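Here's a solo chain for you in structure tokens, the form deposited in one PDB entry.
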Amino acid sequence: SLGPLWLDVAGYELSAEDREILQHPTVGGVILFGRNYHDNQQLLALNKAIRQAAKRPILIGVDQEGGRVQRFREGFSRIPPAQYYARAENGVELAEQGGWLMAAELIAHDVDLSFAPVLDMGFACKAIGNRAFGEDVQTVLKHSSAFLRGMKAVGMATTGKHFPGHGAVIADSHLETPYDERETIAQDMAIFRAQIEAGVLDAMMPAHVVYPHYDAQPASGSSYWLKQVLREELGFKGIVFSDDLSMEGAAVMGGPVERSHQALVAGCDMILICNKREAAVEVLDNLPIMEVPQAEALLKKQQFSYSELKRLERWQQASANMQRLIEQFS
């Protein structure tokens, strides 16, 4: 937790070079991907090794939303697309089972957090699609609040994304960054405002999206979006993540070093450099030695094994119900 930088590792086991870089104080987390996941035991061993190499507390995170975005599937309960809960007759009840189950099984495998939930509105943006909980404000709020309650219940920190709303985004040749040219995105942002005000988000990830009515920069590299709006207008007090600086970020600024500088000056607390070990190293060398003490809030609050978890009727039911829900609409 201590440092701002999130990076990844190459495979199923920690390398000797991994063990060295994990000790760099500017590192605060490892983001895991599908290529880091083979099986439950291998995952447990990998995370144990990460925490031992780091020595100090360190965050381990994953994109585990359900549906199209679930890095760990084999040997885990399948989680439905976030869209599916609101299609069921008891959606709010099931959304909480989905969030609880997703979070519980990650904690059982020594993972601190999932970069979830998606608070975007609508299904028309290809990148989002059925990752959204609904296509109007109330449906999104109702079902995302349930999912959040489930995460909270097991001690997992929560991350709203992709602020200030990725639901209506276009990524064609009209501009060089995905964009949303609407004169107002008030409804999209109202979802974020509501969850911020309810105090249910520990963290926030911004969208790599330009909203030209508002500001020239992608929100993820925008002083307006991340300070003026997110902090001053909206009163968000949690952790702000960057986007993946390796393929997103303020691309016009230059390389990883320039993108990292812009993310931090814009108001990100923590920065992500994925898929590019040599870029992570470059950024570590460029930056001051940095600390993010408030990121300790993101470390998981509970500890238990998968065996212990499965003894809960709550697990027995949630797991079965998620499989039913998937089968109901797939």
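Only residues modelled in both forms are compared. The term rigid core refers to the most C-alpha atoms you can superpose between the two forms while keeping them within 1.5 Å. Positions refer to the first chain, counted from 1. First, how it differs from the form deposited in another entry.
- Summarising the superposition on the core between these two forms, the listed residues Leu175, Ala198, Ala124, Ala186 contain exactly one with a Cα shift of 2 Å or larger, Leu175.
- After superposition on the rigid core, the Cα atom of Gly160 is displaced by less than 2 Å between these two forms.
- The Cα shift for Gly249 between these two forms, taken after rigid core superposition, is 2 angstroms or larger.
- Residue ranges 173 to 176, 248 to 252 are the runs of 3 or more whose C-alphas all shift by 2 angstroms or more between these two forms once the rigid core is superposed.
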Second form
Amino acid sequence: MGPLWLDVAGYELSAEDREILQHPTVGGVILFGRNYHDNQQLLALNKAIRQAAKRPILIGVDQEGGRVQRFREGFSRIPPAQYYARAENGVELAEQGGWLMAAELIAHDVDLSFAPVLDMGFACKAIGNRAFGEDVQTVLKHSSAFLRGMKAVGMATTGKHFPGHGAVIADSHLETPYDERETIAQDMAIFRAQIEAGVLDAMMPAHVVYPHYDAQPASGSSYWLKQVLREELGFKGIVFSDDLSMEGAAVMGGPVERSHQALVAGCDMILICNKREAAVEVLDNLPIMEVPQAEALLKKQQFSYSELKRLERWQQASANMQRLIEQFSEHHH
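Next block, the form deposited in another entry, ref. the form deposited in one PDB entry:
Below: the lone chain, stripped of partners and molecules.
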């Protein structure tokens, strides 16, 4: 596995896709809604991806629940992460949500969901009800349960967006938001806790500048990714970059330079989404490096959707998640 996560255009692989996936710089494919038509098509696509790579390759997706669920039709709907804490039995429900989400992905030959969100609060429009709560303890109580669910079925976990994206409430009018708070201790406490617990296999940093701490976005900052994340907090897992196709070239250079800089800053792996031309430029021009420790993120269990549906745990979780959505969704009222 190499450092690069890239994506494909549609429901099946093109000839170019099959060629690219063999490249040693590729480590993973991130799937989007545009790669999902139906359950059988998804299984076929994932088989094809793994066959084309001719070595282990990660298949990942943003499948959080609520506003962020790429595969919906023919899957169980998972609620916004916010909903668990709104119910009296929120800890049990959060575990069910994590388990169900992860299990259905595993059953369709996906390695991992980029989850959970450990951001604090609902006031950042991009985050909102993706957060488990608005205070440290509510977020920890419910995210920990969600994590336990994911781990129960052998899915690797990813905390995001380190050191916390919950309070980005102003618009910088630039490509990189700023969070101007003099202290983000509460936000970081959540990440510290989950790292110490040993329950995060990976971390995605925030593309956010925290000027009272450091001048660079966390996702491109040695301060955040090395000094804090590694040395102070003792994180031993995989660090993913921000989506590099998002970064402008006027300051950061072209996609090859941006990839290099992310890796030097402390990322293990880099993401280039929705920009095939950039991904190919990086494959064509980035010196080859291996990320063997990424193999830790490969899913640990194998089962089919038929098998999953025969489990009481599935029958209950699916019913309970639909009911939880119905309890708090404005759409269902």
